[PDB]
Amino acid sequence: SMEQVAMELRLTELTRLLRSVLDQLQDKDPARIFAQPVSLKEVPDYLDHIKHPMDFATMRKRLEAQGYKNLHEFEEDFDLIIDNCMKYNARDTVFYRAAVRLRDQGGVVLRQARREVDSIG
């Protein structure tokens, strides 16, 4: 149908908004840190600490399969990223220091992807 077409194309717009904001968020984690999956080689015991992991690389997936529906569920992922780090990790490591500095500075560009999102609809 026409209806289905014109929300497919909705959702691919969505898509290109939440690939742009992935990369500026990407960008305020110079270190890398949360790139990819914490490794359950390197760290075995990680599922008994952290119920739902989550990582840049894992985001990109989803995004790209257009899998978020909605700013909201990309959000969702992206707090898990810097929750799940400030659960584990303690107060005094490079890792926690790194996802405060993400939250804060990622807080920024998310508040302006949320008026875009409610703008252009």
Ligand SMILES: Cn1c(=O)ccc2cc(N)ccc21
Given for the second form:
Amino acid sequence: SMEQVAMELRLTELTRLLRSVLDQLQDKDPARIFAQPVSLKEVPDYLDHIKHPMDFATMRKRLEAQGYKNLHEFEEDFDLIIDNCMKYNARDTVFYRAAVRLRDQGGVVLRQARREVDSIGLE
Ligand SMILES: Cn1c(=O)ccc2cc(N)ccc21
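Moving from the form solved without the named molecule, what structure would you give for the form solved in complex with the named molecule?
Shown next: the complete complex, the earlier chain at its head.
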């Protein structure tokens, strides 16, 4: 149907915008601490602590499969990256502090992304 196609076009547009947001957010992690999943080989107890791991590579895979239907779903995964890290690692670690900086700097990007999704009407 034409309606289905139109819906798919909107999703494709959302995916394009979220790809830009994702690139901007990942730029705020220059250490690449959050680039890849935490290695379960190197951190064998990780899943005892963290029930829903997340990282930028995993987000990018979902994004390219057009698996984010709206911005909230994308934000939920970004928040997992930060929140998981701030629980597993103590305040006096480079990991926790990287997450705080990513949260603080990412908030600016997400603030405007929300306005853009709303104004263009991508959800
Ligand atoms: C425990 N942990 C995190 O929580 C986040 C990122 C990270 C990166 C490496 N390379 C090792 C451990 C890590």
